[PDB]
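Engineer: Letter by letter, the chains look like this.
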Amino acid sequence: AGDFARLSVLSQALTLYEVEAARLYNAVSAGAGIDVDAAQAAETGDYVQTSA
Amino acid sequence: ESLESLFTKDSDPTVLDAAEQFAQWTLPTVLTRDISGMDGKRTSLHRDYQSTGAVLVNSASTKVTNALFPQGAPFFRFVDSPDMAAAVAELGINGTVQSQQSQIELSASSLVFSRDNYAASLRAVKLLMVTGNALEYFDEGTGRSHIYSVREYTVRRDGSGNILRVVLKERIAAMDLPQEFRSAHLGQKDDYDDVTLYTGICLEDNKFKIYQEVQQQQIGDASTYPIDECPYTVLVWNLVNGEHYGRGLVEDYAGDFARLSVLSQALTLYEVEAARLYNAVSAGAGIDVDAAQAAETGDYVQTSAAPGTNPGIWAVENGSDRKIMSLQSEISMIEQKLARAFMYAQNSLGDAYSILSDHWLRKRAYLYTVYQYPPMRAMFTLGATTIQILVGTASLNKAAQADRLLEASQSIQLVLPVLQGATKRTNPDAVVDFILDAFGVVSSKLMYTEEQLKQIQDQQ
Amino acid sequence: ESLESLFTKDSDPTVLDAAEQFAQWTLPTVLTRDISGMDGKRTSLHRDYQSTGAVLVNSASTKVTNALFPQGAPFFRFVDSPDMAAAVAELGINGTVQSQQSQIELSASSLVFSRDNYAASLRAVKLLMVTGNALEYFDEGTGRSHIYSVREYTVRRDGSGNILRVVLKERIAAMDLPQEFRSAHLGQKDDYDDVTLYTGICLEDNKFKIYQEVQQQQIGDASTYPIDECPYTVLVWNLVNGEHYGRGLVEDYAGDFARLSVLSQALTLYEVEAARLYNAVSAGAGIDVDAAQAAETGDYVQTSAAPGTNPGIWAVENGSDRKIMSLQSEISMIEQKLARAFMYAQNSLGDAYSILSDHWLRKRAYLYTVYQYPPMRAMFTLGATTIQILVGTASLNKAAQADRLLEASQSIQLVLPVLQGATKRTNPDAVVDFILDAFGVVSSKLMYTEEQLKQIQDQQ
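Chains as they are written, first to last, in full-length UniProt numbering: chain A, 260 to 311; chain B, 7 to 350, 372 to 487; chain C, 7 to 350, 372 to 487.
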């Protein structure tokens, strides 16, 4: 029973960590001066001005 | 008291919702979401983000169907009984009793590979593993088998778990209805007008009464069948005690499938992020963007950056390149576990396989046998309900005894000559009897008895 | 009432759009988008950025066509029955009844390789895999099979799924019409014009009715064929309950194809970005650009940069060099999954293969058998209701009997001499009968009967 309980706890933790790792979100820095409006389209090769 | 009311009362929407979810996980085409009102149009199916489940279910269906109905080998064996021996003679088949039994067996078993029956068996297995519930109706006339999903029929069970009432709902064209019924009631329906045909099965005085109604009016005469001879067969994969409806295979691994779907969606999003391409331009670098944009053929573009470094225009190194390998590795681990669970030999499957090869093949053997040989029906149960069959893996029984006899013969060949040549005190009959008893071989089925041995001792 | 109105009513634009999308993902030439009104001119096919789907579909269709119609061996066999024996004998074929049946099956099966039927069969398989629907017509006069895509015909079904009305829209030359009809209505069209020949199939009194009309004018008589021998044969890959048109195999993996297309477009864009070459020149480096642009021989070019470093003119290495490997790896994973889904042995495919082998082959086997032997039409149509056939993988049923006979013979050879030499109490006939019964082979079919055995004894 103890092995099964440990397996259940570890499986729950692994599921939570998988959910956390599956999260995708982009971070934008205001000080970098990146043209966020032009950069959000992209996907073709467009030239986007940046201050970095 | 109408069949529509009984179908409404016995219906479990939760079972339908769970079956729809499982199908959407594995095979959306197995069970859709109430496409009756679409007037036979192509409904939009929301396929899941991962296709592993479809492959796993297809492989499991093929393997299970092959195991249940092997090709070139009948799936049920008649047991050696005097009652069967007396009844097989009145069948119009020449040869010995063993040959007649083998011929009837092969002819009955080959019916599953005769007319769209193998496809019906495959669809039934697919429904049983995915949905968990299935129902077949063996038409006595043509000999075909039709498989209905849980959406088309309902079952009511007692506390013990026996079948009490089964109601089937199917939409058919008005042509199938008798002309008198259309003339009387459905006078506004054309030939191709689609109407409901409720079929009801009820248990009363240890028999199943089957009758059909259209618009709450019965058609034809209510025929009755016993439990063993009921054309309709209800099938369950895993039946919880006290529950009318069984549980499917994928329900056991629902959480793993959900985790795989979430991981696959995240992987798709990360691949979309990685496929994004754009070049960032730094104004402070001083790169001549108006001339660097053309380039292509390797022109000389002026830049103010330090020599040997980036001119000022560079492809954006997106951060989504990593975490794709980790997501793929986790998805691979989940898929490996599922494949281990989906046998991608009758051991990963628990009682579900045993249930399948104890009731489905048993009544299939009867229906197939009586269809090929109508006289067998009376002698089977109507005359004397004593003939027994061995369906499933239990069919490969007498082959085990043949192998045991071969092993006993090898042991006899190894032992008896030595004891014979050693001395005359040894009894060869005692030695062979001892070997056969040790190997558990029925010597009476392959040795002359005392009666005919004495007959050949005088007539010689 | 006109066939044009029925064709317009039964047509489903959603099915056509889905078929067009699936064809675009796969082989794009299978089903185009309304090129009828362009006078046979070449149309620009917007091919998808992926090229794996075409190869997968080609390989899968070729393998499935090979499986359905194995070369050399017949694709259908006759079951042994006394009704079939009498009918087959009255044809003029010499030899035993089994030899006559084998020759008839071989001759009927060979017709699929005679007149552009294998090509038509493979085209139908491709259409069923991609589009999901196909219509087959066997010209009983010449012996050729024609395949029509879902764009050129419509299907109306009832609730059960039976065929009620089928309307076929095909474009033919004006000369094909009878002279009387041309003089009646189509008197303004010369030989090389286009007319729309509408063919309709209606279910009236369990007998399909076939008649053709052009411009709402019936042409000729209205021949009627029963269900089992209608030359038209509607084929579906995956038939959803209640719907009129089937769904193809490609639909099961539409998301994978869409992801592959997106990733292929991204990879093409990144390849274009990486292929770009342009030189960046730094004004502060002091590089003699005029002298450096010639080079290519070993000339000495003055520069103001530190020795051993970049003079000031360097090829720009952009950031798209990476993320090409990641995109290629993800595309390879998707292609591996698709190839496993497209069986790149009949187990990856679902119940669709079983349905095709049960309906398409049974109908096809009948027509070739009747076409080869015109007298064979009335054999099992007017009478002989017991005449049945085995199609698909179930046709190889007698080979299983031969294998069982081989195994039983080996067992008898191993066992019987040992028991015979052990004692005289054994019964060789009983041992042989027991072994044959255990192995399930029909013993009476391959040995003397009791009546004729006494004839040998009477005649010594």
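Please keep in mind that the hints were generated in silico from the structure rather than gathered at the bench.
Keep in mind that a hint or two might mislead.
To give a feel for the contact side, a few chain A residues facing chain B, derived at Cβ under 7 Å [said to hold, decoys possible]:
#1 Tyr276
#2 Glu279
#3 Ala281
#4 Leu283
#5 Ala301
#6 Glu302
#7 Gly304
#8 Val307
#9 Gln308
#10 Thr309
From the derived model, a few chain C residues whose C-beta atoms are all more than 10 Å from chain A [as the list claims (entries may be wrong)]:
#11 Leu209
#12 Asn212
#13 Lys215
#14 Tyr231
#15 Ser267
#16 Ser436
Every residue, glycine too, gets a C-beta built ideally from N, C-alpha and C.
Engineer: Next, verify each hint and record whether it holds.
Structural biologist: Quick rundown of the hints versus the structure:
1. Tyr276: 10 Å, violated
2. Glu279: 11 Å, violated
3. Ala281: 4 Å, holds
4. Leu283: Nearest chain B Cβ about 5 Å off; hint holds.
5. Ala301: 4 Å, holds
6. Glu302: 5 Å, holds
7. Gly304: Since the shortest Cβ distance to chain B is 5 Å, the answer is holds.
8. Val307: 5 Å, holds
9. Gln308: 5 Å, holds
10. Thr309: For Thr309 (chain A), the interface hint holds, since the closest Cβ of chain B sits about 4 Å away, which is under 7 Å.
11. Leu209: 53 Å, holds
12. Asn212: 57 Å, holds
13. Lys215: With a cut-off of 10 Å, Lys215 (chain C) remains clear of chain A, as the shortest Cβ separation is near 57 Å.
14. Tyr231: Label holds. Min Cβ-Cβ 57 Å, cutoff 10 Å.
15. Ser267: Check passes; 14 Å lies beyond 10 Å.
16. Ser436: 54 Å, holds
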